[PDB]
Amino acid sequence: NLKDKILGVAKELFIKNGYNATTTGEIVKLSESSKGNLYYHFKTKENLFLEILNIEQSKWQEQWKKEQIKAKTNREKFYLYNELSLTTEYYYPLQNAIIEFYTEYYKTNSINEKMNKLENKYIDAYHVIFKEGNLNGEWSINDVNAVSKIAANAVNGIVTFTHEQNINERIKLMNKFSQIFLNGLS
């Protein structure tokens, strides 16, 4: 394939090197491609990037649904989502690339034109869990949305700013977190 072969090197580039660190030239070089390929469906570089997030985000979002069955009550759905995100190979490994891209593009409002659409799948997992949890009376959350975002980010914090130490110690901290969090919701 051509496109699915570009996104295959581009993603690997954004992960290994930063966002800025990987150049369109590089992608085209280890893909035997040209400049044209990037025009009709692959416009700007930020387009290629925002696209890889979308894919990744979904591969993750999907692995979560084929793996959340192992969780009975939402309280378990909370711990488990926060645990899996630490071991996934999807999206979360690009967080660094994202940090850059989210600062190298603040003046250009053409970003949030589809950026926040991604931010939604980001807090959706937490939005369902916190809500369906009210139903199951597992807790009483009145501001589900704030909490949804607070959780997603806090979690992304622990996954991202601890990507160097013993993976097992990580699963430990993240767990004490979920625990301390949910417990603070009642």
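Positions refer to the first chain, counted from 1. The term rigid core refers to the maximal set of C-alpha atoms that superpose within 1.5 Å between the two forms. First, how it differs from the form deposited in another entry.
- Comparing the forms between these two forms on their rigid core, the Cα displacement of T22 reaches 2 Å or more.
- Once both forms are fitted on their rigid core, the CA atom of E100 lies 2 Å or more apart between these two forms.
- In a rigid-core overlay of the protein, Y91 has its C-alpha displaced by at least 2 Å between these two forms.
Target state, the form deposited in another entry; input state, the form deposited in one PDB entry:
Lone chain follows.
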């Protein structure tokens, strides 16, 4: 809880002032904790931040569990999952803190460890989509892991770089992509 209170406050601080601007000092004081306790729990602001990210990852996964029920078939889950990825990121408060962070630890190969266990978790969502797709003859992929890393990165690119259009066009392009992609698997 004192740990949970720190992550909560830290998350808000980041959302409000971004990664670089937030200090562990602010965090310590606002969560009514101590430099010692924050050290014992996270060691560094970077670690603190990766922990928020993990928690955030969990929530996303959980939501997806409830949300994927609106998609009977896996072809549908693929369509749905990509759209959510697009819309939900449009209004995600942490997005900017993430970007600061990511484009700040691109050089540090130390963070590359947890940073990757995290990304892998996101790819599993797709991995599951495709596997189940196989066991239902929705398509036939023999290199799932591969197709999974590809979708995850192709879709995130559309989400991250399309930024330059009206939300409708984007959902449109994204659905066109999902269409093409799922097609080239038959």
